[PDB]
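S.K.: Each chain, written out:
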Amino acid sequence: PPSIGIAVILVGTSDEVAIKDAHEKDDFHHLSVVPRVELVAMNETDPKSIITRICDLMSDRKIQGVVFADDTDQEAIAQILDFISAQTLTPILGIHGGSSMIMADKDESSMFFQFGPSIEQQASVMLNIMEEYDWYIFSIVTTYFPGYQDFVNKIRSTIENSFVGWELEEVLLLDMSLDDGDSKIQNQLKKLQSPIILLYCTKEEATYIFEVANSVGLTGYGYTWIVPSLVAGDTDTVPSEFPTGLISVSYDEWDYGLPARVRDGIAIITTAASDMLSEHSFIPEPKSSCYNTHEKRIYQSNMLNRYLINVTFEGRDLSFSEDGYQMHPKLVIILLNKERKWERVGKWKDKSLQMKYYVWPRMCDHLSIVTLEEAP
Amino acid sequence: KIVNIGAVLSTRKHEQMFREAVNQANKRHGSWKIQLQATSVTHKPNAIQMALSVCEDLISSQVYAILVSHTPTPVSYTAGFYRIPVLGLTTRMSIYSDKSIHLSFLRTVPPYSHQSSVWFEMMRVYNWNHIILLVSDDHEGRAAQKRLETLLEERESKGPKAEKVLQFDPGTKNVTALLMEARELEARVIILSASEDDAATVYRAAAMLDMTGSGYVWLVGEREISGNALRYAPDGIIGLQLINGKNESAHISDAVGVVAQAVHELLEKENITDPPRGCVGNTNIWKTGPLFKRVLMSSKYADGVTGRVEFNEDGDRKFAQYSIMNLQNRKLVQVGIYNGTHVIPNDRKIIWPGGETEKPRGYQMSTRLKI
Amino acid sequence: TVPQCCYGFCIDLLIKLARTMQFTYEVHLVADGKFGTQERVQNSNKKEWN
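In order, the protein sequences belong to chains A, B and C.
Residues 32 to 395, 404 to 415 (the authors' numbering) make up the first sequence, in order.
Residues 25 to 94, 103 to 190, 209 to 421 (the authors' numbering) make up the second sequence, in order.
Take 471 as the starting number for the third sequence in the authors' numbering and just add one per residue.
Careful: at least some of the hints might be erroneous.
[Said to hold, decoys possible] Subject to a maximum C-alpha distance of 25 Å in a straight line, what follows is the list of computed PhoX-like cross-link-like pairs (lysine-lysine):
(1) C/517 to B/211
(2) B/131 to A/215
(3) B/178 to A/137
(4) C/486 to A/137
(5) B/68 to A/137
(6) A/327 to B/68
(7) C/517 to B/37
(8) B/131 to A/137
(9) B/178 to C/517
(10) C/486 to B/214
(11) C/516 to B/178
(12) B/214 to C/516
(13) C/486 to B/420
[As the list claims (entries may be wrong)] Take a look, some chain A residues computed to stay more than 12 Å from chain B by CB distance:
(14) 32
(15) 64
(16) 117
(17) 134
(18) 159
(19) 197
(20) 215
(21) 266
(22) 289
(23) 328
(24) 334
(25) 335
(26) 372
(27) 380
(28) 405
(29) 410
[To be verified] Chain B stretches covered by chain A per the calculated footprint, using a threshold of three residues with CB under 8 Å from any CB of chain A:
(30) 41–47
(31) 360–366
Just so you know, the hints here were simulated from the structure itself, not pulled from any lab data.
Ideal placement from N, C-alpha and C gives every residue a C-beta, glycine not left out.
With the sequences and hints as input, model every part of the structure.
M.R.: Take a look at the structure:
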């Protein structure tokens with residue numbers, strides 16, 4: 032029942048007032064251990080600085096978890112943040128921006144966490160929306176960015192084993208690090224006639240790539256490339272790459288309060304504390320120092336992750352997957368609007384999507408019919 | 025100007041000779057518009073402060089590129113944090129070859145996984161139309177095994211066609227499943243895949259298997275074979291090793307070789323984007339560093355201090371010479387070499403596991419027919 | 471896992487097969503009913519004939 036220390040990183044202009052308030056306010060009579068809360072924020076986000084004051088964070092007080100909120104959406108620093116994390120082998124979860132973003136299957140020593148479904152599971156809910164959209168024909172295309180064959184098998188087997196008649200033809204592999212001076216993106220990819228297309232690439236690479244897509248006029252009425260979450264990036268920043276009415280989904284952002292799900296996050300840390308006092312009834316000592324890595328090296332044997340498996344609180348299921356995917360995650364489908372603004376295309380949760388438009392909205404030969412069922 | 029060069033090693037003496045390499049390089053490449061600058065810190069056990077020195081030394085210097093040699105180089109993952117050019121050396125581990133984890137890892141040494149290709153040369157050697165693969169269970173080990181499949185999968189063009215493989219968790223006590231399939235295995239051709247302690251349990255069970263005589267061929271690398279592994283090692287064992295495997299100094303030499311090669315290619319670059327000085331709080335990466343990685347990619351050096359060599363599309367080296375060796379009277383003895391495609395047998399005969407050195411037919415039909 | 475007896479027409483055909491070129495017939499039972507069809511598992515993206 033001891034005070035449970037944890038940390039929260041903050042980068043960028045944000046409201047930490049109600050975050051700290053609720054941090055003191057949020058409590059559970061089902062929580063045997065109390066929190067120990069010390070807020071943190073930083074302008075400079077580099078793990079030089081970030082990991083510097085993070086080692087200083089394990090050094091000053093005992094904070095058993097790190098809620099990472101970042102200014103920008105570039106997640107490389109968040110991945111390396113997981114690197115230093117396992118280096119410390121302390122629990123951490125990215126709370127915002129690229130910090131909550133998903134990177135592939137880190138080393139067995141990585142306890143880093145995030146709030147959302149797997150990018151794979153993302154694509155799952157995606158094709159699920161392809162079911163919500165009732166668009167039979169579909170195809171995929173992607174550059175050389177990782178998870179390429181991963182999402183490839185994910186989709187191919189995903190619709191493959193299905194009993195539905197959802198139509199597909201082929202996927203297009205690419206490498207955007209180098210380019211095609213012949214525009215093999217345009218030249219070769221123009222062969223795609225599928226009524227629906229899939230866009231997976233890096234938003235930067237998607238700039239020139241989707242520029243070539245403009246060069247292919249793929250935006251035609253009925254012609255569209257559905258897209259990914261992080262590929263789409265921030266709904267605020269509007270790239271010209273994304274075509275009008277860009278079909279993509281992501282974790283809940285515009286609607287869902289980031290500091291709210293942050294209260295959820297620290298609450299989940301306290302949930303690991305709850306089952307921890309439940310079973311282990313003991314918490315490990317705090318990491319002394321980064322240079323102390325020599326001293327605390329043998330001190331790491333972690334069943335907390337082994338305990339961290341099942342996590343739920345306040346009616347929400349906080350359990351991540353073995354790959355960190357939220358047990359019962361929730362996501363948001365979005366699309367660029369007629370205002371040239373990403374507009375919510377749905378809410379993906381429980382493998383279900385609330386959809387306002389009775390059909391995939393198309394305006395820019405659709406012909407109604409009705410009858411009654413009489414055999415023959 | 026003088027090009028700042030960092031290196032990650034054990035000691036500062038080899039670093040001093042490394043600065044000597046900076047001199048021989050400043051002489052080698054054209055020194056008119058640029059020069060060599062050698063300042064570096066060794067590799068400390070805690071990677072945290074190691075990275076502190078990484079940004080401290082390098083990022084503040086904002087060097088063109090840095091070097092590293094023997103989990104290691106998470107600070108080189110931080111070299112990815114700037115996506116800047118940095119040189120690996122000592123890696124035989126293809127975990128360092130992960131494109132995700134390591135965006136671009138430039139090194140002149142192949143990973144031990146490439147010893148699969150060595151095992152395919154062995155497929156030309158023992159010439160066994162049957163094969164099998166012995167492997168411990170790991171993630172990286174699994175990856176290497178997949179590469180082994182690729183070697184087998186290479187035969188799909190129109209072969210040994212290994213029957214099966216299996217995974218063995220780290221330090222597993224009972225290998226009776228592995229040795230069991232061995233008893234189930236009709237052919238004598240098994241491809242061993244293991245790390246150090248993995249190899250320990252391996253050979254230990256091999257004795258326990260009582261398969262250590264002739265009629266069982268389990269082949270692997272010194273990375274598996276060498277060391278205290280050699281203590282319990284199986285009888286008459288034979289294998290190969292990449293030429294100049296354990297030699298760090300030469301690695302520093304040729305390291306400077308392709309390094310100054312990258313000085314000429316850097317001189318061959320244009321519209322130079324300066325390596326970023328500001329590190330803490332730096333949200334951007336200069337377009338040069340990765341373009342310099344592609345420079346090293348397009349760069350194929352005629353020869354290094356290791357001689358004329360080849361590289362892979364992953365950036366790892368290639369053409370390298372696996373030097374055939376064998377266990378002679380419970381002592382390792384070099385049996386030959388294999389390099390590009392060329393397997394050079396030495397004057398020493400190739401000893402089979404039993405007393406005889408000859409190669410019989412290991413695959414044999416079991417009259418008992420399981421149906 | 472219990473012993474049983476091997477009695478069957480086509481079984482005897484196998485007997486004749488070994489009777490041509492000698493191999494000692496060891497008849498396991500069939501763990502499952504069928505032979506197999508490559509079919510994906512709940513994961514691994516591998517069609518497995520079980």
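S.K.: Take the hints in turn and mark each one as holding or not.
M.R.: Hint check results:
Taken as a hint, the residue 517 of chain C and residue 211 of chain B pair is honoured in the structure, with Cα atoms around 20 Å apart against an allowance of 25 Å. Proximity of residue 131 of chain B to residue 215 of chain A is assessed by CA-CA distance (about 24 Å); at most 25 Å being required, the pair is judged to hold. A threshold of 25 Å between alpha carbons decides the hint, and for residue 178 of chain B with residue 137 of chain A the separation of about 19 Å falls inside it, so the pair holds. With a CA separation close to 57 Å, the supplied pair residue 486 of chain C and residue 137 of chain A exceeds the 25 Å bound.
In summary, the hint linking residue 68 of chain B to residue 137 of chain A is supported, as the alpha carbons are separated by about 23 Å, within the 25 Å threshold. Between residue 327 of chain A and residue 68 of chain B the alpha-carbon distance is near 16 Å, which keeps this suggested pair within the 25 Å criterion. A C-alpha spacing of about 57 Å is found between residue 517 of chain C and residue 37 of chain B, which places the hinted pair above 25 Å, so the restraint is violated. Taking the CA atoms of residue 131 of chain B and residue 137 of chain A, the gap is near 13 Å; set against the 25 Å cutoff, the hint holds.
The straight-line distance between the Cα atoms of residue 178 of chain B and residue 517 of chain C is roughly 18 Å, inside the 25 Å bound, and the hint therefore holds. The straight-line distance between the Cα atoms of residue 486 of chain C and residue 214 of chain B is roughly 30 Å, outside the 25 Å bound, and the hint therefore fails. At roughly 15 Å between alpha-carbon atoms, residue 516 of chain C and residue 178 of chain B fall within 25 Å of each other, so this suggested pair holds. Annotation: proposed proximity of residue 214 of chain B to residue 516 of chain C holds, straight-line Cα distance about 16 Å (limit 25 Å).
At roughly 16 Å between alpha-carbon atoms, residue 486 of chain C and residue 420 of chain B fall within 25 Å of each other, so this suggested pair holds. Distance to chain B confirms residue 32 of chain A as a non-interface residue, since its nearest Cβ pair spans about 32 Å, more than 12 Å. With a least CB separation of 28 Å from chain B, residue 64 of chain A remains clear of the 12 Å interface cut-off, as annotated. For residue 117 of chain A, the non-interface assignment is contradicted: its Cβ lies about 9 Å from the closest Cβ of chain B, within the 12 Å cut-off.
Not every Cβ of chain B is farther than 12 Å from the Cβ of residue 134 of chain A; the closest lies at roughly 7 Å, contradicting the non-interface assignment. Residue placement check: residue 159 of chain A keeps its beta carbon more than 12 Å from all beta carbons of chain B (closest about 26 Å). At the 12 Å boundary, the C-beta of residue 197 of chain A stays outside the reach of chain B, the nearest C-beta of that chain being 30 Å off. The beta carbon of residue 215 of chain A is kept farther than 12 Å from every beta carbon of chain B, the shortest such distance being approximately 18 Å.
Separation of residue 266 of chain A from chain B is adequate, the least Cβ-Cβ distance of about 20 Å exceeding the 12 Å criterion. Look at residue 289 of chain A: its CB is around 19 Å from the nearest CB on chain B, clear of 12 Å, so calling it non-interface holds up. Distance check for residue 328 of chain A against chain B: the nearest CB is about 9 Å away, which does not clear 12 Å, and the non-interface claim fails. Every C-beta of chain B lies more than 12 Å from that of residue 334 of chain A, the closest at about 18 Å, which supports listing it as non-interface.
The claim that residue 335 of chain A lies off the interface holds: its Cβ sits roughly 21 Å from the closest Cβ of chain B, which is beyond the 12 Å cut-off. Taking the minimum C-beta to C-beta distance to chain B, about 25 Å, the non-interface status of residue 372 of chain A holds against the 12 Å cut. The beta carbon of residue 380 of chain A sits about 28 Å from the closest Cβ of chain B, which is more than 12 Å, so the claim that it is off the interface holds. Annotated as non-interface, residue 405 of chain A keeps its C-beta farther than 12 Å from every C-beta of chain B; the closest such distance is 43 Å.
Distance check for residue 410 of chain A against chain B: the nearest CB is about 54 Å away, which clears 12 Å, and the non-interface claim stands. With a threshold of 8 Å between beta carbons, the proposed coverage of the segment 41–47 of chain B by chain A is violated, since 0 of its residues qualify and at least three are required. As drawn, the segment 360–366 of chain B meets chain A at 0 residues by the rule of a beta-carbon pair under 8 Å; below three, the given contact is violated.
Checked against the numbered hints given earlier, the structure breaks hints 4, 7, 10, 16, 17, 23, 30, 31 and satisfies all the rest.
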